[PDB]
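A single chain comes next, written as structure tokens; it is the form deposited in one PDB entry.
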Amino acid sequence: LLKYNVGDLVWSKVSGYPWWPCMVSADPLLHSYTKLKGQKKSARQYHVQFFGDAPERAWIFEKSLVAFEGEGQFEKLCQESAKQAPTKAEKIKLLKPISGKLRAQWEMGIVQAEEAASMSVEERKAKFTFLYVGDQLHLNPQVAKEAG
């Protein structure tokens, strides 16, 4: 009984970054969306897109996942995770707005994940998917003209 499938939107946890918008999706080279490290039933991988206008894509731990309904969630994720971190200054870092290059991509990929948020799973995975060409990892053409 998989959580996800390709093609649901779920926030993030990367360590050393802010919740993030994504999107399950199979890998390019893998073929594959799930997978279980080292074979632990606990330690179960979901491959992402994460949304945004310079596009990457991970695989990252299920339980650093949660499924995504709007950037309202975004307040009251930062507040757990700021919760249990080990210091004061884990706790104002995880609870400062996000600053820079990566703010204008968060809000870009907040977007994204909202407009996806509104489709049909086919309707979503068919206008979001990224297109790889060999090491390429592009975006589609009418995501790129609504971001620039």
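Take the two forms, find the largest set of C-alpha atoms that superpose within 1.5 Å, and that set is the rigid core. Numbering follows the first chain given and starts at 1. First, how it differs from the form deposited in another entry.
The one residue among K83, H31, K101, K63 whose Cα position changes by 2 Å or more between these two forms, with the core held fixed by superposition, is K83.
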The other form holds:
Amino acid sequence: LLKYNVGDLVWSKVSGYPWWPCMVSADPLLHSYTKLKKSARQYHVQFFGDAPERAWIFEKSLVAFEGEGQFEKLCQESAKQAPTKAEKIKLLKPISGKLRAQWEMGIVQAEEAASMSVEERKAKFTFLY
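Please show me the structure of the same protein in the form deposited in another entry, now that we have looked at it in the form deposited in one PDB entry.
Next up is only this chain, free of partner chains and other molecules.
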């Protein structure tokens, strides 16, 4: 009903990006982890990878994390839901360069976090402000 909770591992769909492996956390500054922007709701996540990035992301753009094997399937539904064939084709981009390297880092870290207890991976990966 509240689909996610702090510590839940999620994929984030961010514009301009492939699906990115994440963890739900509380905002260091706001102290919440979900809010109403006034009734399609956000969750605050951390992005995995050696970049310590964080964001508030819409429920509509999160998907609970099951493993790297989800990935290909996730991108199809992103395409299954695009209007024209100018948005459904806009996803055929190769993940290369620094972006792939960060992404791989993120995916490896997410599986590292997936095999953990929630209260474990909470205390190991949550950024300390």
